[PDB]
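K.L.:
Here's the letter readout for the chains.
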Amino acid sequence: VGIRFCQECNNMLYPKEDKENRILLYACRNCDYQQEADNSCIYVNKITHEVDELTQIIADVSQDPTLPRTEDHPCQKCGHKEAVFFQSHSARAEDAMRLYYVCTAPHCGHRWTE
Amino acid sequence: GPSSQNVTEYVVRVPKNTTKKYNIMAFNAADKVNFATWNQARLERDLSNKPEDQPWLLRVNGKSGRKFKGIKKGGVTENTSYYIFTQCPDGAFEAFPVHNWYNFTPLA
Amino acid sequence: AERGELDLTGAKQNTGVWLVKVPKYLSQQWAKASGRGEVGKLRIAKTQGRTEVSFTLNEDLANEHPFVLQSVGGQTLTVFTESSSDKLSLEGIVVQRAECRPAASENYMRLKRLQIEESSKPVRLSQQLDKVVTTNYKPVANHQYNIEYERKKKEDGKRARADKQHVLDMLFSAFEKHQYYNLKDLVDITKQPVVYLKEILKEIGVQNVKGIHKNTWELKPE
Amino acid sequence: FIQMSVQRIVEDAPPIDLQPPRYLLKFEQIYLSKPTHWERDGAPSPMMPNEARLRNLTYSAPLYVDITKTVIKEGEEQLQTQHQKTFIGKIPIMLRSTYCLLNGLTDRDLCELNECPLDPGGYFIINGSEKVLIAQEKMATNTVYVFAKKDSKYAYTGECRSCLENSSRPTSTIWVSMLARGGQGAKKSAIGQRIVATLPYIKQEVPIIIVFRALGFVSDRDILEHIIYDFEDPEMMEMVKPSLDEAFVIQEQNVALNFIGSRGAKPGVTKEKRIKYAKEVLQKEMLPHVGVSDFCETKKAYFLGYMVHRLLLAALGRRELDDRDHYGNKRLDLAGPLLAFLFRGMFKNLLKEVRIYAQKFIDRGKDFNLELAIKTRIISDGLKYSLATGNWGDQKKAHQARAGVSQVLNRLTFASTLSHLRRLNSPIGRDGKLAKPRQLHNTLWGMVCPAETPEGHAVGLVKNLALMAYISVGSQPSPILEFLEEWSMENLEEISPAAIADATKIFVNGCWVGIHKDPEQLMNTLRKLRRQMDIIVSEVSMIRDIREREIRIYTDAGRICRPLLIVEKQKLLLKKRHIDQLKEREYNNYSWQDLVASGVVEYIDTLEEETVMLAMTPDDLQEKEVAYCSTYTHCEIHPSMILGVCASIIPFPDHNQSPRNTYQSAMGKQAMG
Ligand SMILES: [Zn+2]
Ligand SMILES: [Zn+2]
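As given, the protein sequences belong to chains w, S, T and p, one line each in that order. Using the deposited numbering, read the first sequence as starting at 12 and increasing by one per residue. Going by the deposited numbering, the letters in the second sequence line up with residues 5 to 54, 93 to 150, in that order. Going by the deposited numbering, the letters in the third sequence line up with residues 2 to 64, 80 to 238, in that order. Going by the deposited numbering, the letters in the fourth sequence line up with residues 50 to 68, 81 to 734, in that order.
In isolation and in its complexed conformation, chain w is listed as follows:
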């Protein structure tokens, strides 16, 4: 799923097929450095696009003076009783009115939806 760079000329390693041992070989097209593939899959295309933005929001958003705050929902990892919540603010806005939270305690940065 990732990418492979050549170890000699630092370029993009293409996948190739050899008719001897039935194993995927990654080859270069400037030099001919070789090696075998460990996962033996090339292409993947996610159309659902249901990526949870809990992996994209940053912990320093709790320094924003223009975001609402809450005393109801406390943090689990530290027990702080003050959070700051917001919406998806991104694409995939068909049914996007969820409410992600971020703890505001210094050096906690814990994030969670509900």
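This list has only true hints and no planted wrong ones.
Below, computed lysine-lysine pairings styled on DSSO-like, alpha-carbon distance capped at 27 Å:
| no. | chain 1 | residue 1 | chain 2 | residue 2 |
| --- | --- | --- | --- | --- |
| 1 | p | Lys427 | T | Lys230 |
| 2 | p | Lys199 | p | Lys210 |
| 3 | p | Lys332 | S | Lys111 |
| 4 | p | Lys345 | p | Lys566 |
| 5 | p | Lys427 | T | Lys170 |
Quick look at which bits of chain w chain p covers, simulated, 3 or more residues with Cβ under 8 Å:
| no. | segment |
| --- | --- |
| 6 | 21–29 |
| 7 | 69–76 |
| 8 | 101–115 |
Since the hints were derived computationally from the structure, they do not count as laboratory data. Virtual Cβ for every residue (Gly too), placed ideally from N, Cα, C.
Given the coordinates of chain w, assemble chains S, T and p with the ligands onto it according to the supplied hints.
P.N.:
What follows is chains S, T and p with the ligands alone, placed relative to chain w:
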């Protein structure tokens, strides 16, 4: 250890003259070049530009044993001078000015 | 022994060097190195949990700088030299980089006062004049005109329309050097006036443009 | 324009070395004198602004310069000489300026010259008439904007208009496109869209990997670290993969320069000229605001990478597109940045014709004389023409110029005069039916009057600015850069591209100038310096967006500001001690300036106004309760300062229907008084 328990004091001088201009020769760490493999080197200004401005051409271990091209940095003393600090047998420090910065890169 | 030959001694010695960044004002203080060139003392204190390096100015040079150590990782640095005898030498590899910074000795307001002092030459300004400066003088003969007069009076470019035989020799000689000369030079090489030159030339040769504006006369070999 | 912007133009001009011997000429210093009129017999006398109106004169001031001339013939002597205070031309003078005859006079003397003590000033007198310059709107420069043209081949587009610090007549613009997905073809259906670029001064489109290699960086591990800042992102790397496939066969520098060098304003017949031609166009016309020197080409690579990294974020749907009419992307051209633009094209035109007079006069080898070379009618009649007639161009250029500037002052009633010296103008057409450049935008709060606009065909095209709105004048970014480097900011060159994922890129005036690893302490250190005015002047804006993880700083001229009240934890910073000593300005010398320099008010730009939380009134919004917010950062002075000049004479304007307030503001301009 002495890196934690070592204390010392040494004199610093900045000589108004030198017998040779001092430059920086920079390598990418990612290459991890073994300088021991450098039996010899040749070093000449690059010929594409056909002097002090000329990029360097470094030929190590023969004409094609190893070859790099060095490209001059935009500035070196535009706001702050760079100094080479060297330890002397008397323990005192000697400082040398950096004349230029050349960027060296590997060459297929 | 060759010009393009690089000494590898330093590298092969694994010679190490140190790299330090220094502010210009300090560096300007350093161009005034005390005596032949001594600028002070460097104090290196290392402890179990910390390490401190600083440099102190020579008392002469004066008339605490903590060091910030910088990483040299990602790029291998070495020092190479050019002697006053133009010999080339590699002194070493850089084992440390560092930056001299202020500490508890200055704040932003007086740093800006120092920046204004450095200003020295402000970018120029449009000043306000009083009344109006004189613009038109009363010169009689323009200075440029007076200079040409002496040249023309002293030397005349085209002189006597005389000595036809004498002129031909002067004329034939130029041709030996070149089959083709533009007309003006022909006029210039002799001093004979234009009309005589044309008639002698018309008499002894023909003139050819060669379709390149400038026409140079060529003698008839016949 | 007349203290700095005119001295820089003559000082930063190429000498005219010309030739045997050869000569030198260079200009050093500029002077001016008070406006003066030359009588019929050649006796000068200062003209007062009243005679200029009666006798149909023009109110202008003469202009001088110092020129030095050195002859270089290596004739065993370098003969230099100078002619100081040489006459050049005459510049109009705006009334009540620092260069007028009415500067700093008292009412007993203003009445003695038959002048009105209430006259505001700020207009020119040209052939008896009274002309006023209209501020023109303009799209902001040196920033990246991402749009989406839903009609053409492109699925996304970026733009960056660059100009190197007030020194270029044109402004080079560069696009970074991306082709459409639904390209009907059995070939590219599989690979996908290819990122393209349309450089200036070339005919054909160019793939981006090619123009990347023309700067060096031939490897594809080094290119793909200027464009992608973290290699744990497979979704983005998949999108840049089909960009390499078409630039795969051309894999070295010199052949790349030939590829772009083959299609220019002149197709190169030889090879070396193309490799020469492609060298400067990619060096002096590509992104001139970053650096124009032939060195420091690692910066032109990072910025071109950031321009492309930002184009992909707009395709994965991670950041929203830019708004065209968002009033934080606009700049205003006052009389300063307008006359300076017109003075360049007439100083070059004055040097272009000292050569033509020197060469004709030095081939005969006689000598040289410069007082006869300067055609003084170039600058005098050049400015006076375009101001008097309006078309912002040249006399033989009455077809290529922008019209509508410099109209005649309105003197029907005293509130029709003030409402003329404060007026903007958006340069879009006067009959286009597109509504989005005409409707009222949210960002006009407090900086443009919402009710005052004319009807007819010019609805929403001309606008008047509010009462306390203040336009900035400009400054040099030199003293902030020297402070930033000593506050632990890593430069771009001496850093590894893997230490860039968790750092906040620091921009200054449009140029990427480093990174930083602890921004929240940098920010509230930059601010408390501006509050008390040590290093940074009060008209710079400093934006920080937490999410996109960067920091912007601006110092240029054209941004529009307005003062607000600074609020600490939940209380105002304006204590009573400031009031009982502010009602005494008459014999205390304590005024507005001593109020800014004490950190209780602050000018807030439009861009900075998106990272702020305002309260509309102290006694009512800053009381602890079950409250709306609790982190108020600023407070308004009085919400009645959001109205213009002609709309703030209406009693109880918050009780009328809205179109009614628009009619009167366009009707109190024609009432007799
Ligand atoms: Zn390879
Ligand atoms: Zn927490």
